[PDB]
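One chain of protein is taken out of this complex; the other chains stay put.
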Amino acid sequence: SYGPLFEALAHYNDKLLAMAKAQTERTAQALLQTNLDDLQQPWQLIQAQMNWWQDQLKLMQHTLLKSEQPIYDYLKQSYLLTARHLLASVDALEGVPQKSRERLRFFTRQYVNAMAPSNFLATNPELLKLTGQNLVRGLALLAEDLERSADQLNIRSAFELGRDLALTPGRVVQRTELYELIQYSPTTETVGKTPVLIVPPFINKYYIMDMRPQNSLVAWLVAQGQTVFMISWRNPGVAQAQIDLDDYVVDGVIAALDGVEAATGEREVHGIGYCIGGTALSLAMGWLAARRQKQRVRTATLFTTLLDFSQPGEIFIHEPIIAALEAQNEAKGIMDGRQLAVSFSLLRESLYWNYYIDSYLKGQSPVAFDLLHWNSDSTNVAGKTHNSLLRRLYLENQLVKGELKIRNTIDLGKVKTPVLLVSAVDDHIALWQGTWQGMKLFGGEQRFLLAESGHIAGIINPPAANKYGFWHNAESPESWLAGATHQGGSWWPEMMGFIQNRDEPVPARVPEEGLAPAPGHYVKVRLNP
Amino acid sequence: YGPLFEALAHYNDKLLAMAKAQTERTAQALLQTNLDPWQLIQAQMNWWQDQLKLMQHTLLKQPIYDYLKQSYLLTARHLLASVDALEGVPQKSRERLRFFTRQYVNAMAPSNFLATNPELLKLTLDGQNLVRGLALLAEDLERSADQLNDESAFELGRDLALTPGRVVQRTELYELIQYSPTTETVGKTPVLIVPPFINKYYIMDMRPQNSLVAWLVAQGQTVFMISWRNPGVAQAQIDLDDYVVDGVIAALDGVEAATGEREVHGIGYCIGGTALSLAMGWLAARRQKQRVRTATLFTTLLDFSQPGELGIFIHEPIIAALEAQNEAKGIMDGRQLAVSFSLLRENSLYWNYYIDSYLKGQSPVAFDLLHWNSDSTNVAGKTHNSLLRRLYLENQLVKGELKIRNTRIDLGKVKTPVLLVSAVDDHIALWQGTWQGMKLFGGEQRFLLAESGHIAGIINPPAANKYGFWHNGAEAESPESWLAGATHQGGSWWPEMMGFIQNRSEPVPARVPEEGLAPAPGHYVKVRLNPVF
Partner (left out) sequence: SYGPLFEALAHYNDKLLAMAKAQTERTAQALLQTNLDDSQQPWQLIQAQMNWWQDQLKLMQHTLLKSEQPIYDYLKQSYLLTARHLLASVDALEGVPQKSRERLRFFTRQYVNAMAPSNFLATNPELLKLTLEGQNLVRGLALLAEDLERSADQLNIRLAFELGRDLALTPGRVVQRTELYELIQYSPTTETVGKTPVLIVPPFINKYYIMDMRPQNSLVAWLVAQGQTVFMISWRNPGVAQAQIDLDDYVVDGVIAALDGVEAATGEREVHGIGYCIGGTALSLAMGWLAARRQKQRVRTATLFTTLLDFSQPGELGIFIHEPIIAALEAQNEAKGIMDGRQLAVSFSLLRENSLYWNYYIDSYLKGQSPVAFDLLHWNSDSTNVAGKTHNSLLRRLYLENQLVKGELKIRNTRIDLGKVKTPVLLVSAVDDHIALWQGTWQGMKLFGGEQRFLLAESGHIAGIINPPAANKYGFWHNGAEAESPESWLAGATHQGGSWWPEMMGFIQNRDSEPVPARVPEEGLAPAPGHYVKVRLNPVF
């Protein structure tokens, strides 16, 4: 039962040899084009790791076929394979500079710690067993030691935004206390009449959707003839400690819609939201509909959006813990992203295979390095916003019970905006079943899509990659999946088609000079300078 | 499971106890001072324990991939922890660790040696084609060693083989080393050590704590050591007969010239014991007065009925091809022999001679043993052919057909008391075979079985208190019958050997060696096949 594994390794091994052959002719051809007045990872290092995989798999199959001393001998041979990997890895780094060598050790140490379940509190074994008021004190002691472990790693240099990441050309056309509104310059002669507005999450930074040109959702939307706007949430400081979740809905999202009208003259836009930005977009649509204002969101697309919190995945929802954090939130003013970083890990997809090995085989700068930089670029959370999200949504679940009020005002059944929900099969933060149960909350047209990966990989899958797939098409979440068909490739054309199917193109809108260039000033603020 | 975790806890607590003591050592240093990488071992211990826990967890419980993924993470954690432990380590020591680790890894690969190569077994499982398949395997194994072929080596006289002595005689085949005494009085009968000429002798003189030569000197015995020449093309016509007569007998005359004693105590190792046995048979067959009072033979093969894993080579087409190559090339290259078989195959090298050496505050003994094993020596062409055909193939010594310079050899004429010391886990000379050959002698016979492999069981100094041995004074019909009737005794067998020599006269004042020709280690031993600067 190892055939597919040996085949998958042989496929990767053959692709690495082809890349080595390409490097061999490239360096040989380089000898011809030398002037005597001037002057990526080694494929040998990747080969060293591939050799470890196949030899360990061969050793395991060998020991199982042979079936106190048998356990030890396999352990000894496995240790020998570990030694061969270490020696080959060190020797492969002969010509690599020490600076690049230090960078390699950094990302590996970062990745190893991220994959360790004990190093994150939500998946730490001791507190899982605990599942009274004493636990809260123990939990704080665990966090301080876990925070120190991450801090000591950080204390003992990476990608710069605007140059290596988040480099899609655009302009900051509006800046408020809560956000910078980025309008992206077009790459087509004509674009659609209705512009697009993206509401990213305020849990981490927005550039997960604008990483590199090949996998930039924004750049892909621009190439499809669409005026793209992006909300860039502010990294909350002590001054924004008293801001509440409602303010993000009204003073953040609604104000951005008026800003889009001021920049384009359009009172209706196409909405796109992520995990909690989509939730804010959902609350904004219900707020606009409940007050019988003319509809301003033509379509709504929600990526991994939780509206029903009945299935919270991976534990803090118990009332005593929520109160203790709310008090701490008042004391500190904000929920520290460095403190929040040790609670759980947003990145748990195949990261090594599809975003380190495969991206390297495609001649790309390793995408997994970009994801680890993003994951460790944590952002604060407003104290009052954090409490509101904890009590009224995760704990009390006011939106499902119809008790949720936004500035003394929510029934999603009044929303007649067509929605498209995109969830992930391997999602650990937002269980897709919950998104399916939450899909029924809307009163208009509803469509659902399930990506064939985890929280991030299934969403950031550009068509060119053709790496994954998705299921398309009920009484239960399970009933939809059984009747759904698998479709390979990316689902981005399906979302783009959904927007275009409802409906004249306009000349490409060149954004005004605005206040600042594309990346802005809000996103560059780091917690660890 | 249980026993493995218990052994792991033993090493973890011993490392933690030794690490805590080192912490106290530096703390006390702060008080007692005038103006004028244990973490690396812990990194490896964590890998063993973490991989064992995962292995036990998965076995009790796509599933295959998860174990591979989790196993790969442990490898990555091991690399990071190992490299970080080597931050302050000097570059010289770091290179030494990289060098010896690569040696240990390649040595533990069964495919990397012809004698234990499965591919060669497949061919053995063919006629003239067998030679060609063997030649392609041999050239491939030989090529790999060159890529390995680096000044991480120990210099003789400085780190190893530093027992004080003098070279009192130099001939074409050997330098005779006489060691200076460390006692006021010594025994009347001197000691002569005949090491193997397959590898170098300093396995018996490594470091003062485990130096057999140094221990013999401290017991009040004048010790002589034959230092064989690393044979060149000029010595192509040297035969096994020459090693017996011009090597061992000539050394006996050299002992007489240096001490005035016509009888010495003989000690032989892997093939020196065979040469010492043939020398005693030669002197007895020609009715010369006995010149060897006692004989001690370590892992000595006189009956080649059980050749171990070397028996794969014992086939007429293979031997004939080697006889042609040895005659044409002149010598059997030690560089070719280094990939053929490994004299050093202890089942506990990593644990008992690397890990334990760190816990005993010693420089890792495994590094010294690997340096010795890779210090290959050539073999004379005609000598190799004689050893291949007349001993391994034809087995002339058992059948009485062996002739040493036109002198038929019968060991039954030897009336010298012999003591054979073998190793239970030996891969070169199976002890059963050594026991079968012990019956060939006509005088007093004693047998001892060491509780380890070819090297570890022999080089076990009393101070270590590491292993044990089996002794049985009565005679037995079979090796299995002897072991069943033998009694086990812990510790080293070296004190028992000294009693065998000593029980057989008032001691005389310590013999001071003459100034001689050269210092203690000599120059013959330093000749390497792959020179080092």
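For this structure, a couple of remarks:
By written order: A and B. Residues from 1 in each chain.
In this section, a residue touches a chain if its C-beta (ideal position, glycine included) is under 8 Å from a C-beta of that chain, and two chains touch if they have at least 3 such contacts.
Note that of B:66, B:151 or B:401, the residue touching the chain absent from this view is B:151.
Within the complete assembly, A:36 is the residue of A:36, A:65 or A:331 that touches the hidden chain.
If you put the missing chain back, the residues of chain B touching it would be 149-151, 529-531, 533.
Although one chain is hidden here, its contacts on chain A can still be listed: residues 28, 31-32, 34-39.
What we mean here is this: only the chains that are shown with their structure count from here on.
Distance between chain centres (mean CA atoms), chain A to chain B: 61 Å.
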